[PDB]
Amino acid sequence: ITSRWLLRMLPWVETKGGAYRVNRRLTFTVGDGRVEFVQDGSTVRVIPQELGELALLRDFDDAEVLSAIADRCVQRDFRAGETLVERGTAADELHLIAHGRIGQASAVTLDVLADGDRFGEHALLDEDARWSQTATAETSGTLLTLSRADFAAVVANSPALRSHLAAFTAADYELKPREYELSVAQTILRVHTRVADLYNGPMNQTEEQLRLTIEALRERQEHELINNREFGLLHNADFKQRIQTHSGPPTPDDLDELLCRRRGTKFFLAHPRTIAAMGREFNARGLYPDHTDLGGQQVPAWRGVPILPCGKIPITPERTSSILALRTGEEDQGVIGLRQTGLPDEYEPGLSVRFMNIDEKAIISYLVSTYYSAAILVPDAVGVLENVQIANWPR
Amino acid sequence: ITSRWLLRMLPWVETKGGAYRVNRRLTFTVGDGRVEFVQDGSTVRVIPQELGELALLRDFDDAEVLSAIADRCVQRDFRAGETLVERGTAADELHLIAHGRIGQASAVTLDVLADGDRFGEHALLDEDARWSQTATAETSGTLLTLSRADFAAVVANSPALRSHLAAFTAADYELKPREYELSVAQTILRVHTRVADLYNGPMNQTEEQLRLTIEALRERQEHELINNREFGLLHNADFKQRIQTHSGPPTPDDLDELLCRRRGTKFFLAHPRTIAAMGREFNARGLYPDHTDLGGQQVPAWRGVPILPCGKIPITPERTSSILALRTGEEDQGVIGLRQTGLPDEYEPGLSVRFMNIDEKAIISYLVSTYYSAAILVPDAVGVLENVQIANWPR
Amino acid sequence: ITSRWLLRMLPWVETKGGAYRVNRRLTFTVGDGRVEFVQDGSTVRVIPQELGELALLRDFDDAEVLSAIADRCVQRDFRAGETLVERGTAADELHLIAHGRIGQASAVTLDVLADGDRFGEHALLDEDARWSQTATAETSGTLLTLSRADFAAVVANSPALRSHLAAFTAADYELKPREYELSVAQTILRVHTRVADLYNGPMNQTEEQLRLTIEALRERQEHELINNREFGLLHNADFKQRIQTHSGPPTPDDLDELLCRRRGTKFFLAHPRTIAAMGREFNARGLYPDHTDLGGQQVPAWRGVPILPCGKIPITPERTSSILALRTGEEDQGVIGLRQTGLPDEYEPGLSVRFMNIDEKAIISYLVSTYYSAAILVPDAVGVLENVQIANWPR
Amino acid sequence: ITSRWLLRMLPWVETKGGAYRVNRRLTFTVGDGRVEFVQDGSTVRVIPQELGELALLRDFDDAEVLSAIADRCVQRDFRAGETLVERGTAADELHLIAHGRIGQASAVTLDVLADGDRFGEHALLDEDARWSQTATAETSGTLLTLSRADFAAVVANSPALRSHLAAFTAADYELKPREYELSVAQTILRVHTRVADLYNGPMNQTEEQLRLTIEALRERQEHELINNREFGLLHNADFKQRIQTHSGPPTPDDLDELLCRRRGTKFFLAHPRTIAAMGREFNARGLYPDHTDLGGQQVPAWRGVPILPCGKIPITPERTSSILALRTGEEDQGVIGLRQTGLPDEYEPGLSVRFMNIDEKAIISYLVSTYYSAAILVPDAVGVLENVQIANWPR
Amino acid sequence: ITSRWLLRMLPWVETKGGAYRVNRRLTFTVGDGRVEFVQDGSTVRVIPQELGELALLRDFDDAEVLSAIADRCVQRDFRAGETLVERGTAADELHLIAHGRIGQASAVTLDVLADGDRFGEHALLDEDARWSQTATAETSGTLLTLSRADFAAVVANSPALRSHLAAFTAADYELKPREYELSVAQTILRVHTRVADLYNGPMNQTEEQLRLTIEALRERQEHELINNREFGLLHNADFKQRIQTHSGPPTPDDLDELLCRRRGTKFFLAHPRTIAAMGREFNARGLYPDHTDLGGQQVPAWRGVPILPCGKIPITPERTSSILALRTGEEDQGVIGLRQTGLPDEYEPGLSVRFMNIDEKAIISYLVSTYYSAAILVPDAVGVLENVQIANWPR
Ligand SMILES: [Ca+2]
Ligand SMILES: [Ca+2]
Ligand SMILES: [Ca+2]
Ligand SMILES: [Ca+2]
Ligand SMILES: [Ca+2]
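Residue numbers (PDB author numbering), protein chains in the order written: chain V, 40 to 146, 153 to 215, 246 to 470; chain R, 40 to 146, 153 to 215, 246 to 470; chain L, 40 to 146, 153 to 215, 246 to 470; chain D, 40 to 146, 153 to 215, 246 to 470; chain P, 40 to 146, 153 to 215, 246 to 470.
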């Protein structure tokens, strides 16, 4: 029953056969100290060529072997404040950081590793390796793990790798298409036969129940478009596009930085609590931003970019939310809504209601279905500002 | 003779038979530590299922018994600074807080209870119970009271309750329609026959007196729409929608919070003194808000939402007022004005003037009547910011 | 030759017979500690019923006697810093404050009396009464005086008053119409016959002298509309509508307060020096108010209400001026300009130039006349902010 | 080649016979301690009646004598920091201050004399008079000087003056028209005959040289309109209209004061360096002024009054400039541009190019001439803010 | 694939024969202590007449000799922090500063030389000369060098110079046209014959590859227009138009100064990181600049001048960038884009794709060519703000 801004702002394109294909270019250079990954929503995997940045694997350029080694790592997720390794415990895993920041405290907090960093190199070769620093995850993120035993097995598999390891001991174009499959929001509406036979003259309680069902389906559509793992702007956004606040509250400097990272930003999406926090920051700074009109409707904006409320963005127990800056379009590579119309029996252009059966208890069943998905044409189309403290007040 | 903004901004819908029906959904979950209530204007009553949050009544799920227990509590109102219970006095009542904040000072101010809180649990079971804290009401509000004797009587009534109590000693959907009945503003206009016979050529003093009567009736309509107890935005507003100022003056952060709680806010209603206080806060913060045009009329606004003056909002002796943020509409669930037109003898579409009789003293009597009421379709349509200090000046 | 904003903004209505009638309602309640007065421009008189607030006259309700007592008081005006009574001097007068603030310093400045206050009660009864405080007028204002001898004479006149005094010793509706008489701005233009006979071909020096005469008459019209005593916005404004600045400079908080007191304010009138002071305050506060267009002409405004310069508002030697906030209209009760057109011989719709005579010295005389006045339909139509310090600069 | 704002904004009126007449009213009252002067550009002369403010000449009212005495004073100009008189030197001159401020330091800086002040009274009568204070000119200005010998000669001329002096020893209307004569910007363009015979097919180097000549003439026109002594806004502006900055940088308070002194100001003229300084002050104060559109062209403005750049306003070696606020028009008494069109041989409506002769060296000569002047109808049409420090930066 | 603002904002003019001619006037006066240079992109050369400011060459006015001496100097570039001369090392070179600032530290940092300064005079005459100060280049710039031996050779060449040197020992107009030659962006597109024979029905992969080639060519066009040495706004901008920030971050005062130096500025060009830094400065100052619409597109602006992002402006390792303020036009002397259309075989108005050959390996080759250049009609058309710190955050 709430306002659905993402549904009415994202353009909808018609897929054929319930599938879509997006061609991805992944530019990456070796030697720069950062490992680049391939991300498919929430599932991530290291680029096989990038894997060569590791010294113990430098100058090895057999595509088969690198691909196998890349395939044998395991993805793990860590929450804020969770301890991953502890000082004193023997080291047996190589950790490649894909997202988040992790502060390492030695026996003296050395520094904080971030996206593209590695720790655990020496643990791979010798069995005497011991963790001398404690890594505490300051921010939630992902991390790839390469076990010593698996790499040893791969070494015992390829003779070329043995010889290269024994000898050492003494812009790249990568095309890989991404396939999007239409997800379904489905439900069963059970209407008693009496309610369909009698209550049908001045208003249809069947039609009113169907409208309520459609509204619930649309709310689920928005919640999935925001929070789903395979597709979904919160999770299926490039790791480089996700920024951290300088101080924690959503100061206007953070909004300027969020607008810096991409061209032609269309709008901001944030929780209403987050919008209140941004307004508090604006009042503290003493500036009054203008409001712009979209569709004959006035809306708060920053630098002319409208800020739209979305209640489906989660609020963490620590009262920290996130802000999304995103451009929409097909001619300009942005975010599109994949949706198939022309269904066999449409109550609405995107909907399909079909009579299922009548039970022995005289209850008619209807199947209400809609098919939807989201596509991001280029990586630099959605930026996310994370860990935004929304419970800060002037003191 | 003053401007009537609420009369000209609230849409008016035609009721049939002088009555209206509003369907209410009351979502509530058990175990979360807050008791949810059903509010009909100023009269409040505890939800029978919510009553189960009490430990001494946990796991009892007989609808009849819970309904009876809920029916046997008494609603009481407390003003700011009034002491409800005192330390040392024996405890004999269970108090469930429906609105307001109450600070409890022990023998050391422990904390402040708020809406949905309970105190007086142990007073229900044993007669030795004694109040060890003094509860001072910092803000005016309501409170439900459950006496020990009444609960004991209910226990002596239901055998199932006795057995459950003896054993312990060792999202829910609730539909309940709300009915609105049209209220009447009526008056008698006494015009002497001489004034109707002679003073009728160039101007009608009868018609001028009728216009003055109509203006007085409209002023009474506004005062009732604001301050009435059964219906009326000040009292018939959800307890969750009523917020307290962070500091006491109406700072722009408070306005941002007031706009946060509901979607598509239409306008603000405040006393002109309150508007002056808000302007003083704006000048202190150094920001100059824009002004928007409604009906070809310029008006001060915040974030594009016009702020309309209403002199019918009371000012307390402590010089504290309240602000109302409210959206209006029928297609969008908001606040509507129930009014019946097509009266038997209409001087105006909503009015009815009828000749009553002529007295022995040659005085003609006229009956001027109008029928009006207010409906709030959804709970999240009117928000109230309370205890707004309007007598604060820079120092 | 200057811009005449009041002439071009005040609507002009046509009076019949050179007179106008305004019906006044004066609501007043007894017992509230303030005495209400009837004001006709600069002449003020106490309401006879209000006079009952005095204890020594409480419960006396003979209309004739109260009217007589009210008629026998004398109005006096006091300037800022003038001492009215001195400590030690015997008290013989009862003083009722109608306007201004007066600080009383005892043998220790007790407090400051204001509009509606009384001091000198006991001086009325006994002859031993002595002034024990010195009253210094901090602000210019008026004051009603009731002498002991006059009240004693009235007592000796009415037997009922004697009995009531001897016994004690042991919302009201009052209609009183106000009549406005059109004032005249007149002058005599003396043109030599030679100047009318010769200098008439390419330009008329007679017509140029007439235009200069008309401009002088219009300037006098504005000066009288502002500064006249009988009519005139500066003096014929309600004592409750006149406010004092919180600090002395015209801070924007003062403008907000000035806009608070009345509905639908049309514009502000202030001296250009006052406008410069307001701009200095705006710059100090750091806010830049918008400008609005009236008649295709841009003008500075506050909260959308245009601020118009008027050089006829006096500047005191202490460099303190006043600001006027006023709404104009006839359908909305405000300030109207009474003016009669259709004169026997009109050079202009409101003007009348008539040949008088030719002197023996061959000098033609012309009489240039215009008739004008101002009416204030309701008391809450003109508000005045007084003692505005306009010579304050940042330091 | 630069933008010429004054040329395109000043209205141009056609004079007849190359001359214009402006009628001046000079209101002045005696006894107020200030001497009023008549200014014709840069040449100033004391009003004969005002001369009576001097005590030694009080009550003498012979028009011939006063006119003679007024005629026998000499005008002198002083720069900032220049010492005019020194302590110890015998006093022999009476100095009347027409413009600027001069600080006098005694044996202790007494005070600062300003426009309309006098010093050197006693030096006129006795020969023993000695300067006991040193007068240092803080600001550039003018000063009238009356020598003792000249006044003594005038005394020896008029018997009436002798008798009046011997006896003492024991609003006025003054019309005086101002005549404006059109100035000429002239030049000679020498084009070789070969350049006129050959280089004439695809483009005319003769026509290109003529366009360059016209541009140079227009630049000279602007420089004279700004900086000329007889006419010219910088010098031919009323001494009362010239203000001094409160602090030295062009703070917005100074702009408000500049707008205070005259009605209907059209625009500001300042050097681009001065505009940069004003922008720096605006940024320091934290306010962002709006921009207005004239002729479809956006331009910075203050209070809706556009600020136009003019590079012809001089910058002193001390990096101090001046700002001009001026209204333009003929129906509203302001600043007009006198210019005669319809010349015998016009290349442009205001221009005249005429063939002069061909030299023996086969060089054709052309005479390019334009006639222009400026008129100020009323004294209060141009205000000048002087000694504006434009080299101030935040520290 | 990024937005190309410079391509769509610069007007394009059609050159004839692939060449353009710009007539330059170089006004310079002798004796003012600054040497003026002639700049052709990145190549600079001293004006021969200006060379006379040197004392050892004063009063020598033989054009041939001065031209020869000017021709025999060598241009050198210095980076920030690079030491050019060291104390103690013998002096053998005369250094004329053309751009940048160089701080000289003696045995005590004396001062900082800047554009037009000279150091090394005495090194020219005697061989005993020794550097007594160390010159450290605080900012990158250019510098002309005149060796002692070369000047001695020129002296031994001209007898007149010997005599003038022996004797001493005891606004100018200079026209020099600038020629612009069109540069070419060329590439070869290799398409396999199979891809051209089969993949041609529903979409042409040949046409898609051609579009990608065109986009790459346009990106190279922008990068050359910004960063090229011969032409290019960053390098081919007048040395007087290049300003240094007062503090280092791009404060609004710096933008005001950048707008001060030229008339009718069209737009600003800066890196998106620089735009973020400017927004941070605006938020710190507390002012919110307006946004203007160009081509129906909203864009941030300062004082109404739009600020356009350009990613081709380099960012130094010290995180310092530059800002460009530039006006565009042909009728108003500014920056124009030289481009020739009407090519023999145009895929696009400015493009030319031509079939080259088919290789023995059945690979078709296409030649994609475009011709472009940039012209700056007057020196005061592009201003550059340099060393702008873009990594500054509030602390
Ligand atoms: Ca890499
Ligand atoms: Ca609950
Ligand atoms: Ca009273
Ligand atoms: Ca005088
Ligand atoms: Ca020079």
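No wet-lab data here; the hints were simulated from the structure. It is possible that some hints are incorrect.
Claimed, not checked - For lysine-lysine, the following DSBU-like pairs were computed, each having C-alpha atoms within a straight-line distance of at most 35 Å:
1. R:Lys387 x L:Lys341
2. R:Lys341 x V:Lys341
3. D:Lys55 x L:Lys387
4. P:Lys341 x D:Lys387
5. V:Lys387 x R:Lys251
6. P:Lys55 x P:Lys341
7. R:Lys436 x R:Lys251
8. R:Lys341 x R:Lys436
9. L:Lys436 x D:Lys251
10. R:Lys436 x R:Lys55
11. V:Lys341 x P:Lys315
12. V:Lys251 x P:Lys387
13. V:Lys387 x R:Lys341
14. V:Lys341 x P:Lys55
15. P:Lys251 x D:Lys387
16. P:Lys251 x P:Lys436
17. D:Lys341 x D:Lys315
18. V:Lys251 x V:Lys436
19. P:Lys387 x V:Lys315
20. V:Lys387 x R:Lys315
21. L:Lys315 x R:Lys387
22. D:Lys341 x L:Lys341
23. P:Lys251 x D:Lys436
24. D:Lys387 x P:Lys315
25. V:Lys251 x P:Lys436
26. L:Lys251 x R:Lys387
27. L:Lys341 x L:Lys387
28. P:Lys55 x D:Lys341
What the hints assert, rightly or not - Some, not all, of what chain P presents toward chain D, calculated at C-beta under 7 Å:
29. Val124
30. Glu125
31. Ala129
32. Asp328
33. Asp331
34. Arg338
The beta-carbon is built from N, C-alpha and C at its ideal position, and this holds for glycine as well.
The hints, checked one at a time:
1. For the given pair, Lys387 (chain R) sits about 23 Å from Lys341 (chain L) by alpha-carbon distance, which is consistent with the 35 Å threshold.
2. About 25 Å separates the Cα atoms of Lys341 (chain R) and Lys341 (chain V), which keeps this hinted pair within 35 Å; it holds.
3. For the hint linking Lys55 (chain D) to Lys387 (chain L), the alpha-carbon distance of about 39 Å lies beyond 35 Å, and the restraint is violated.
4. Proximity of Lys341 (chain P) to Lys387 (chain D) is assessed by CA-CA distance (about 23 Å); at most 35 Å being required, the pair is judged to hold.
5. As the CA atoms of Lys387 (chain V) and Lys251 (chain R) are separated by approximately 28 Å, the hinted pair is consistent with the 35 Å bound.
6. The suggested pairing of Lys55 (chain P) with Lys341 (chain P) holds, with an alpha-carbon distance near 27 Å, which does not exceed 35 Å.
7. Between the alpha carbons of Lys436 (chain R) and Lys251 (chain R) the distance comes to roughly 53 Å, so the proposed pair goes past 35 Å and is violated.
8. For the suggested pair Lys341 (chain R) and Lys436 (chain R), the alpha carbons sit about 52 Å apart, so the restraint of at most 35 Å is broken.
9. Taking the CA atoms of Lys436 (chain L) and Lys251 (chain D), the gap is near 27 Å; set against the 35 Å cutoff, the hint holds.
10. The straight-line distance between the Cα atoms of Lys436 (chain R) and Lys55 (chain R) is roughly 40 Å, outside the 35 Å bound, and the hint therefore fails.
11. For the suggested pair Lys341 (chain V) and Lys315 (chain P), the alpha carbons sit about 40 Å apart, so the restraint of at most 35 Å is broken.
12. Taken as a hint, the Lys251 (chain V) and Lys387 (chain P) pair is honoured in the structure, with Cα atoms around 28 Å apart against an allowance of 35 Å.
13. Distance hint between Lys387 (chain V) and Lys341 (chain R) is fulfilled; the C-alpha atoms sit about 23 Å from each other, no more than 35 Å.
14. Proximity of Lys341 (chain V) to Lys55 (chain P) is assessed by CA-CA distance (about 43 Å); at most 35 Å being required, the pair is judged violated.
15. For a cut-off of 35 Å, the pair hint linking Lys251 (chain P) to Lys387 (chain D) stands: about 28 Å separates their Cα positions.
16. Pair hint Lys251 (chain P) plus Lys436 (chain P) does not hold up; C-alpha atoms about 53 Å apart against a cutoff of 35 Å.
17. Simply put, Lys341 (chain D) and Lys315 (chain D) have alpha-carbon atoms about 19 Å apart, close enough for the 35 Å limit, and the pair holds.
18. With a C-alpha separation of about 53 Å, the suggested pair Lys251 (chain V) and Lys436 (chain V) falls outside the 35 Å cut-off, and the hint is violated.
19. A C-alpha spacing of about 20 Å is found between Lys387 (chain P) and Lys315 (chain V), which places the hinted pair at or below 35 Å, so the restraint holds.
20. Of the supplied pair hints, the one linking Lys387 (chain V) and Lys315 (chain R) holds, its CA atoms being roughly 20 Å apart against a limit of 35 Å.
21. Taking the CA atoms of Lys315 (chain L) and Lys387 (chain R), the gap is about 20 Å. The hint holds against a cut of 35 Å.
22. A C-alpha spacing of about 25 Å is found between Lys341 (chain D) and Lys341 (chain L), which places the hinted pair at or below 35 Å, so the restraint holds.
23. Straight-line distance between C-alpha atoms of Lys251 (chain P) and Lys436 (chain D) comes to about 27 Å, which keeps the hinted pair within the 35 Å bound.
24. At roughly 20 Å between alpha-carbon atoms, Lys387 (chain D) and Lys315 (chain P) fall within 35 Å of each other, so this suggested pair holds.
25. Restraint check: the Cα-Cα separation between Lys251 (chain V) and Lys436 (chain P) comes to about 27 Å, which is no more than 35 Å; the hinted pair holds.
26. Our distance criterion of 35 Å between C-alpha atoms is met by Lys251 (chain L) and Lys387 (chain R), whose separation comes to about 28 Å.
27. Simply put, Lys341 (chain L) and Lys387 (chain L) have alpha-carbon atoms about 19 Å apart, close enough for the 35 Å limit, and the pair holds.
28. As the CA atoms of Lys55 (chain P) and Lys341 (chain D) are separated by approximately 48 Å, the hinted pair breaks the 35 Å bound.
29. The criterion of a C-beta within 7 Å of any C-beta in chain D is not met by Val124 (chain P), whose closest approach is roughly 32 Å, and the hint is violated.
30. Hint status for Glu125 (chain P) relative to chain D: violated, with the closest Cβ pair at about 34 Å, above 7 Å.
31. Because the beta carbon of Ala129 (chain P) sits about 41 Å from the nearest beta carbon in chain D, more than 7 Å, this interface hint is broken.
32. Against a cut-off of 7 Å between C-beta atoms, the interface hint on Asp328 (chain P) holds, since the closest Cβ of chain D lies about 5 Å away.
33. A cut of 7 Å between beta carbons decides the hint on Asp331 (chain P): the least distance to chain D is about 4 Å, and the hint holds.
34. A cut of 7 Å between beta carbons decides the hint on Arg338 (chain P): the least distance to chain D is about 5 Å, and the hint holds.
Violation of the numbered hints given earlier is confined to hints 3, 7, 8, 10, 11, 14, 16, 18, 28, 29, 30, 31; the remaining hints are satisfied by the structure.
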